[PDB]
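Residues per chain, in single letters:
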Amino acid sequence: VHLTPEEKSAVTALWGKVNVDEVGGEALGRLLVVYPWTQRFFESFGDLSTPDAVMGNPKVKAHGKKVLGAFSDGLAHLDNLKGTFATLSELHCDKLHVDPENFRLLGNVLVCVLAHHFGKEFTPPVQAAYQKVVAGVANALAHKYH
Amino acid sequence: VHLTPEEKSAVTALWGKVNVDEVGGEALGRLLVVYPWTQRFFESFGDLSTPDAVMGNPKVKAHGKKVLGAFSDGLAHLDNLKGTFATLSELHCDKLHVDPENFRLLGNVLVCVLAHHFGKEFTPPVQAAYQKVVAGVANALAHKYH
Amino acid sequence: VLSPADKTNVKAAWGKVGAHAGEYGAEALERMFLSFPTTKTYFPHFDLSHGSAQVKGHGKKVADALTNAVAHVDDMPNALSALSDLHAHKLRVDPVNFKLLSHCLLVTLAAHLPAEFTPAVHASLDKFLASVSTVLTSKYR
Amino acid sequence: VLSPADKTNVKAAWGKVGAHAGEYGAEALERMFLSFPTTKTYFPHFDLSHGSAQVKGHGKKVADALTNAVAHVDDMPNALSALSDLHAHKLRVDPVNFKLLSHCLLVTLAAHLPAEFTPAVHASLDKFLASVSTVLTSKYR
Ligand code: HEM
Ligand code: HEM
Ligand code: HEM
Ligand code: HEM
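Chains as they are written, first to last, in the authors' numbering: chain B, 1 to 146; chain D, 1 to 146; chain C, 1 to 141; chain A, 1 to 141.
Calculated from the structure, these hints are not laboratory results.
Accuracy of the hints is not assured; some may be wrong.
In silico BS3-like cross-links for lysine-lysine, where the CA-CA straight-line distance does not exceed 27 Å [stated by the list, open to error]:
| hint | chain 1 | residue 1 | chain 2 | residue 2 |
| --- | --- | --- | --- | --- |
| 1 | A | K16 | A | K127 |
| 2 | B | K120 | A | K40 |
| 3 | A | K99 | C | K40 |
| 4 | C | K90 | B | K59 |
| 5 | B | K8 | A | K99 |
| 6 | C | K40 | C | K139 |
Starting from the given sequences, assemble the full structure and let the hints guide the process.
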């Protein structure tokens, strides 16, 4: 994506302070709760009937950690998001059959999770940069769909 | 934009039968009538109170052909709609304050006008290449918005 | 929100589809699958090749629902309650997709009913499809 | 549609805003201009610089319209009809922008209400804002 260097420096600075294990569980869990239709991909995850069933569900929480661990790595390659996510793009298309719009939904929910966590620290300009980042990821993830 | 040559060949081929005058006239007219809020940029065109008031308005028409005419030419640079549209980009942003979403709206009205006119000939697959075209145009034009 | 002019206009255009609704429903599906390949994520179990029977069959399903919506234009919500239940709780198609399908149904129609697809008929069906779409995604959350 | 808990959740989350609504409305705006620069096309006649009071002045207005919608959570359509009339016919803001501002408002709230911005409250607020946005664009055509 085309981030300024103060933008990529801001992305990176903050990102360094995020706890991926729990931020991952949190953004995935919030996705399933706010956009319940997204639950269609996770019936095997069990009870997702209530916010607490969802947020504290160990499969939800363990899945969250993978996505963000994956998100965390493209962060190291802002210059090559597409190649970074190329196999994951195919997986999601070809095998999981995930509508790429889910990627944008998660991006926003993520942005909201960061704000929630950083407070004052997630400033207008810091958000604008993350907005750029999550959009890049959604696009790189949707790149190989056909 | 990623067009196949069969895609590109089929684009080119029907484009060749476009009477830009009436197609640009029809396209811009339909926009103002279907999505009436796009009219906010043309009060100085006059009476737009009716589809007929709008379809039959010489201002709509001539603006139609103007737009459609600039459309025609990025088709000559399918490989660089971006640099092809850079100035128009700044002009729509910087001067006309056109919401780039209007561009998407246009692309879809267009695709509808083309079908209307080519009937049977605007096939599933011809539509598909065109959809790729009007999407790259919308993006190239939205390119320089800041 | 369908005005009496809108309703009248949709009744018109749709009556003229008459016999081909099914044929048109399937063509719409086919234009969407090709134009918006992300829509395919929802029919992984359909053979999506050209002239598929699934697509064909599905086309008529959709066609008939649209017809039923036309007939009950003033009570769509009730006419389509079962279908909103279905899309919202079992299918769970992302709301953005309703727009791609609607558009494809617009092109299909435009290309088959030249004369009747006037700027005003076009404005009308567009609002039509939009309300059908809103009704189907009204129970998502 | 807002459920009893949606309402309860929005009455309580908004309640906490209390005082800063205008302050928060202003920031939501700044967040929107910055992240979604295409949104600036509607505010050409404004000062879009950090702390402009054009923006502060506008922010408060927005926040009060929201406070009002909250206060009439049971009759939002009527409560904001004037505002829909306006956005529909005078401002003619592309509907898509309602979704971007709503998001910036959700970001703003989460940034200021750490403790009340729960999954449950988040869900409620998201639906709230979307119904507000729905009311506002209902008269576009
Ligand atoms: C947004 C960025 C995302 C990233 C980086 C990501 C990453 C991953 C990874 C690394 C896996 C495991 C790969 C494997 O098992 O080989 C995975 C699986 C999966 N992802 Fe994504 N994902 C993302 C978004 C989403 C979204 C938005 C959804 C739908 C709501 C989704 C649905 C799935 C599903 C259903 C699986 C398989 C889980 C299972 O049942 O084992 N992903 N994802
Ligand atoms: C989407 C592809 C479009 C293209 C290629 C395009 C092209 C053009 C061109 C070439 C001009 C003339 C510039 C000049 O005077 O030198 C123009 C003017 C203008 N366009 Fe666009 N246009 C597009 C879409 C739109 C849309 C969707 C709208 C709003 C509904 C819009 C609003 C305007 C306005 C307000 C002007 C000023 C015209 C005048 O009064 O001189 N354009 N456009
Ligand atoms: C105008 C909007 C739509 C209408 C009227 C409509 C109508 C229907 C109908 C009548 C059925 C058949 C249910 C039955 O067996 O009784 C159906 C099923 C289905 N629809 Fe929709 N639909 C619409 C939009 C969409 C969209 C946009 C998608 C996804 C891109 C979608 C995906 C599906 C799927 C996957 C099925 C089930 C297929 C199967 O199990 O064979 N629908 N829809
Ligand atoms: C839920 C969201 C929204 C609410 C509650 C809202 C509310 C308001 C209010 C209360 C006013 C002032 C009316 C008066 O002077 O009495 C206003 C004006 C305005 N709004 Fe909105 N609005 C919303 C969404 C939007 C969006 C998304 C945009 C564009 C991206 C927008 C653009 C405008 C503009 C350009 C004005 C004129 C203000 C001026 O010139 O000072 N609004 N809105």
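Check the hint pairing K120 of chain B with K40 of chain A against an upper bound of 27 Å on the C-alpha distance. Holds, at roughly 23 Å.
With a cut-off of 27 Å on the C-alpha distance, tell me whether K16 of chain A and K127 of chain A pass. Holds, at roughly 18 Å.
Does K99 of chain A lie within 27 Å of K8 of chain B when you go C-alpha to C-alpha? Holds. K8 of chain B to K99 of chain A sits at ~26 Å (cutoff 27 Å).
Check whether the Cα positions of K99 of chain A and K40 of chain C lie no farther apart than 27 Å. holds (26 Å)
Hinted pair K90 of chain C and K59 of chain B, Cα distance within 27 Å: holds (22 Å)
Pair hint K40 of chain C and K139 of chain C, alpha-carbon separation not exceeding 27 Å: Holds, at about 23 Å.
The structure shown violates none of the earlier numbered hints.
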